[PDB]
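4 protein chains.
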Amino acid sequence: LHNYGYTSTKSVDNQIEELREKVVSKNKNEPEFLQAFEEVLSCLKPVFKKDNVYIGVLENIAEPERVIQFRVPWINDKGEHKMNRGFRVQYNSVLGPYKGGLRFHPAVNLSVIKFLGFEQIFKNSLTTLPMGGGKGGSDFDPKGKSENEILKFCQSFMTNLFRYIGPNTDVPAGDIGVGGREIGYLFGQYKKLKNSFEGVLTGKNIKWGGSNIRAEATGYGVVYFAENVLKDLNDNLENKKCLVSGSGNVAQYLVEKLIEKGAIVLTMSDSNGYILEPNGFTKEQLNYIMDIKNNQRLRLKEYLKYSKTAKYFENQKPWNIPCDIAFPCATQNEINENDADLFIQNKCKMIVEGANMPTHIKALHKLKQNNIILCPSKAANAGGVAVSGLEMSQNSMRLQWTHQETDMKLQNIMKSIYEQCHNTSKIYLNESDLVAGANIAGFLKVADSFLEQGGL
Amino acid sequence: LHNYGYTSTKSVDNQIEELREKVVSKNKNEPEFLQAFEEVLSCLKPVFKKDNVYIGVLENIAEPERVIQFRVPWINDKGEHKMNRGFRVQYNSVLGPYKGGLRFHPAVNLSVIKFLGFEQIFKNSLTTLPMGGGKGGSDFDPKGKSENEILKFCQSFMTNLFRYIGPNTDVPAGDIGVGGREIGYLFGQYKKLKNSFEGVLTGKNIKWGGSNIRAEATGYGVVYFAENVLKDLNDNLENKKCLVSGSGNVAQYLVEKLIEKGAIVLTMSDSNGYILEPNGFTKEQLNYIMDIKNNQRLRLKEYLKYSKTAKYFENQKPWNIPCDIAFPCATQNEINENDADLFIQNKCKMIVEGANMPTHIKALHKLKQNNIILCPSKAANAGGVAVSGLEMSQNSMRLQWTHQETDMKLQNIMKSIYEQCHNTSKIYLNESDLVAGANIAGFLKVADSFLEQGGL
Amino acid sequence: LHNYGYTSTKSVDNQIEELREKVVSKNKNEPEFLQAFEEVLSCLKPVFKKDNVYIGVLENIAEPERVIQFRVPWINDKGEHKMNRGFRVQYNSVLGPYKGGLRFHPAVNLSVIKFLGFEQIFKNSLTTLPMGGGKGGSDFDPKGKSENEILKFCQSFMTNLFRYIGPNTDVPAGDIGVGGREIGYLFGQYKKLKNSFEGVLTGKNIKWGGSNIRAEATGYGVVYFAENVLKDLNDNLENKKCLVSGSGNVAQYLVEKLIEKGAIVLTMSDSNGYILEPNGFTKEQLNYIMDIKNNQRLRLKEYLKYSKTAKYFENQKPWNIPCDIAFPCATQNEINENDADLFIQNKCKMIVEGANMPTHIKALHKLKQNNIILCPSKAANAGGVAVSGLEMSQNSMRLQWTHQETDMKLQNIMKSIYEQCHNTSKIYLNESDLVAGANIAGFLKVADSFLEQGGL
Amino acid sequence: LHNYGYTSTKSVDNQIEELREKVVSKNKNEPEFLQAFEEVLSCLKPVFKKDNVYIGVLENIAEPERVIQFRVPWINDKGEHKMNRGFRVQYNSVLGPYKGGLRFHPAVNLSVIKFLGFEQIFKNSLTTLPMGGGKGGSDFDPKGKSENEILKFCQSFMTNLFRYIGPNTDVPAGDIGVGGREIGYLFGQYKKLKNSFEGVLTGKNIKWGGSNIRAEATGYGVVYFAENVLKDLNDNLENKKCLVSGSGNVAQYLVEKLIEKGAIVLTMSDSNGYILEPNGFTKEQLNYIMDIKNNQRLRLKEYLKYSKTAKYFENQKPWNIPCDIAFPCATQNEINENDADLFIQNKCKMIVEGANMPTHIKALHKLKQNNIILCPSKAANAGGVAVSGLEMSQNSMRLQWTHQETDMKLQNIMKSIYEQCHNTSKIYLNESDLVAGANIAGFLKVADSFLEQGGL
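Protein chains in written order, with the deposited numbering: chain A, 55 to 510; chain E, 55 to 510; chain F, 55 to 510; chain B, 55 to 510.
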């Protein structure tokens, strides 16, 4: 073995307590981070029992390999000299180059970034692709800024970051505040400085190093994940009454893939009210919703002028409808206890998380004690992160795979992500728990590699 | 002709309030930093009145150009894999490469470093030499570590830092926890990695790129500063009674230079009690105190077991004895409002700060309203930082100046530091206030250069 | 068309003699190297006759493009400052980046390394993949060192080497003294220094850039090579009585693949004595031998306690038993003269070398004059080097091929290696001599490319 | 010993003709360049006679070592995407790093730049300091652009140039369109990109790496040059009546130094009309003219108001006045054949060129055939280029010399520049011709070094 501290007798629980204490004291004022930490810490008790080493390893991995913060100055259109704070947390590079998006939001700060970046490590880990974990951004607020100002900012932001990122070092991506438009400016500036065309950013337009399936990526992934849980029960998606919530990017393509398979997608939520449609939606109808939602930027009720057999319930959730599968694709905690009882009552057999952690901490308890399969968002929606890894591959190969090819790869990646949760949770809990499986599997790949590499 | 934000009608005081508010909100949990900031902010009101631009410029300068934080792993002697957090804050490089020491202390963290680094910017600025401001360190605790472990740590620490420092970029130095022994290890490792002998660190041993007068540097400087205040009063140091506090490195050489001039140094403090010596100390006696204090490493009370003629009180500094020139070399707010009076009463004509801010905030008030010259530590002890700038010069010239030569340079640097405080405070306050002079002068050189360079 | 010397009317033999003389005088005290040279020189006479140029080209190629030697210091566990000599001979980069393992052995020195590296050039050449030739190591003795010390050494060793290796420059690998554990430490350190995840080393663990089939690689290759020699005789491996020698990594997987095909593998040698098994081994039995050998770590007589029919032969060579194919896999000069005779007597129509040069120089004579196909180890076991080339490919593509895929690629690479020996020996000797074919083909690809590139 | 260009038996004149023909054909459409070339070519006939080699060497030196041209994009204040062409001609680096200013003018193009850069080679050469020759700029028109736009442009311009310049490679400087304001922005941007404070540009403000005497540099130099011509005639400047042409930067400091010596400066020209002042100007009066001319930004005619005695002419060259010394510091063709005949008729003794080539080609003929000493502008005003070389030195030493020190150095440099013209012209023409001396000396140092370095 090795020695990463924690050699005492201390009940595995006391060591876990000692660690928590030590991590908290060093990061007193980083709530968001400390919370995402105490979270990963919970499900990792089984592995700690197998070997103490992991407790020390975790303490180490919880400490960003490196974090760069810098002043990003820019001149707005009124000729004013503004300033913002930029960050890039290169959390872990054990499995590959630091991977992680950039967030431009007024709420952004070190604590927030560490939180996001820390979680990225393991999410990436599951991918199977060689990707480390990272995250960056600024407290810059895109809202209200002109097109020109956004450009000026991106250029300045990249002028600082450019020297610390690279194809084999750190490959950033889009996130809140940083979309396609932004990635174009960032890339342009990077190319001008470094003087070379290379995959430093993922989510590039298709005309210059982008990948196919980037848009549909996450949604398709969620379905593929579920399709795998089902195939391991001699069943498939064909003819399953599905509940979907949200009408965002993920939600849309999720429905598109679902329809294309066995169909019977009954609903689609909105920031206020949802839509019903007995007999399920159809290819054609989804296009309308996509149009209305993308182009027409209209409320979801709108669909009502398009359907004969539609029905819009307002300020309510679709959870009291009987279904086989349910896809929480809106936002965090959209599923409380009352919703568990509702599901456990309509006999619902499975819930695949689309958005990040759409289930409430106490809601998972009832669901598990009622034998209702729960798919971790950490694994189910990793489809997006996975495709960006493929973008990196295509960039290195100097080729672009067909919409067809890229999809197939995503399907195998999803299949693998499933197998790992399944097998890992089985081996460590004796039962098949996807949620714990995702955490253990994700952590172990990193922890072991960390050890094999000398503990650097 | 530049627009940096505060163009409104608002009272200079309201703008200063708006700024304070904005800086605090972004650095909520960095007490040490926020305090050193609100401090520099105070004395800068006169300049704000001359031009609003400076308020914006200050907001910008208060934001580290860049800050790098990284995990420093190492294996102790028991074969344990330990870990520590390392920092390097490259605060400002407007006047030259980032300059600033490295501190190894269990209390070290980003807030503490920003605090030290932020102050370094202006202290360096006064120097006249081309030096930016920076600071670094780790929460690593030297105390208790073996010789071997200290080496292992330094090597690891440098392996991370090495890529971000350089002769023309960032030149670190010693500080608490990082002494000569440490700088040797750091340098050795740097050389091995970068594959080149160059001045990346100051405070190097004399055998390999070190400078003469490095030890005496600060103390000599404090005397030279005072000698300049006096010469501008048709008087000199010859035959003046002195109340020197402390017996550290600074204190010692301060006395040595004093004696060598006009002499009549009456005291030398200790962590508990001080020593008297009517008719002043003598070259010979100082050597004893130096011996007793440096090598033997035994409580200064031991001087009593040496020459008879000297007493030794207890639990207090010699702030009572009737002196005309006070040199406090110890620690933070070493002197307060109570001692402050003993001085007004006995009547100390002038007080030259040796340690950092040895005067209490309220003590300065009474002293100034009693026409007692007070020398800012920021300027008086800059002698140390100045000599390290000369080490850099000698390194670039590939030569080593004689103990003689290096001294003369230090004397002119001290003379210049004095003139700037004198002239600046005169021009902006109409009177000759050394304390405000130091702040204004230090800030202005940076602020202007900042503007001239495009506000980057 | 290009003049590299040796133009006189002199006999091809006198030029070969002149060259030998010149190479020896410059490398007087490098026996191992001079021997491996005089060896490659022998079989290259036919090509020399076709064009003198090649004699000069060889003189050039025999001179390492560059060789770096360096002092590697480290602190053992008793706190002692030790030191060792490290080497990296970048012999040739005409066909690709320098490729070649690292050997940690007390016998290591420049002569030894050149010897190994020089041979690597041509071995790699045959591969078909773009790989130059190199070799490195230290006189460091792993034996007796603690786990911790091995780590400390690797880190120091890499700190020196790191600046001269890279994905497109020199990609080292494992060898004697440098196994998986070591490559992990080396990689870890490299990543920390260069600050980037890239394929600098092959033989990495599967969790971080490793490849599938790495273990089985060499063994599978030897079988694939033989399978190709057979297919060019309208026959295959199915039902062939075979003789294997050794129970190492190569031997094991060789048997595994053999069994899987037509089977009838009759023996497996050991450092003292061999095992028999009429009717051949079976999938199951091999697993036992693998277990007994890789885990239990005991002599081979042990297999007896696992098979009634299995006869053991204390201290001998299997050769006398009648077989169709003999795969020697022990060590240099494993097949003596008297042995070789029995192969001809026993009808044995072919001998595929598994270990490096397991046949004695004079043994090859009788075997060839008796029409017994002899496969050059240089080509037959190149399977290992080939797979490491695929690891490099996968690393560049940022993907990991399936155990399945990687195998197929290896099969084509082996097929190609065979075809080149076959066709080349045919074209230059009029007959099909695999041994000469391997040398000529391997040399020519390098020699020509050398010329085409300007003779640099 | 070394065979370069020509040795064809041809007449020195036919070879010079062959060369001219060859240089012209390769640069058909670069009038400005071809003219500055045919010019240097003329005075170099004496040296060609001494050795043919130089003819070939010249052909080589006339070919820019390297020239980089690039598109410089920027966004004006109306939000428009503009574009301009940037250049950097690194003409010669035989004597040191490429040195040369940057010009921002609507007329700028490759031809223009080569012209200026080509001449810079030799001008620098005479300096004695280690400086190669270069030149750069853009067709960007500062006139009409806002402060903000100028900044945006500089930043973009530097973003392209930054990778090709450096302290030991190419050190640009100011010129038409590129003043102090611009060099600040250029420097700021460079520092941000390269991440290091170093002397990449000369003409930096004094607060950050600038040098003393930068303003007065050229003017002072012209006087020092003349003072040297006089001392070699047992005479000095004391009490000499002289005329200056112009009131620019050069003209002003020229007068300032003149006054300070022996004085009796009688005039100062303007873009239309000049000023007289019998008994010469005085320290005080010059300050008025300096004030009136710099800040007030008026025409020289407004001086008539600050002095009764001073009369004033309009659009009339100040050459028909009897004197001793003259100094044309305005612009080209300042002295026509006409204006030349006045000089001889006023028994004028010597003429020191201040501006670049203020004498007309045919005017030099009459002046020389009348024994009137003519100082080449190439040498007389090299004072400016010389001081910038000292800025480089001070930057490397990390110190700033006093106004005093820097002056002295300039005086020796001027003295040396004089001696070389004197001695060289003597050795090659048997007589003391400063104009030919400057050319020959300047060219020879470069030509020889070129040869000694291998002809690269």
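Quick caveat, the hints were computed from the structure, so don't treat them as lab data. Be careful, since some hints might not be right.
One copy or any two copies: either way a pair holds, since identical chains are not told apart in the list.
[Stated by the list, open to error] With a straight-line Cα cutoff of 30 Å, these simulated DSBU-like cross-link-like pairs (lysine-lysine) come out:
#1 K199 <-> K362
#2 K132 <-> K104
#3 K355 <-> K295
#4 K246 <-> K206
#5 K136 <-> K245
To see whether the hints hold, each was checked on the structure:
1. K199 <-> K362: neither (40 Å within a copy, 61 Å between copies)
2. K132 <-> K104: This pair counts as between: shortest inter-copy Cα distance 23 Å, intra-copy 62 Å.
3. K355 <-> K295: within (22 Å within a copy, 65 Å between copies)
4. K246 <-> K206: Cα proximity of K246 and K206: in one copy and across copies (14 Å, 15 Å).
5. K136 <-> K245: both (25 Å within a copy, 19 Å between copies)
In this structure, the one hint that does not hold is number 1.
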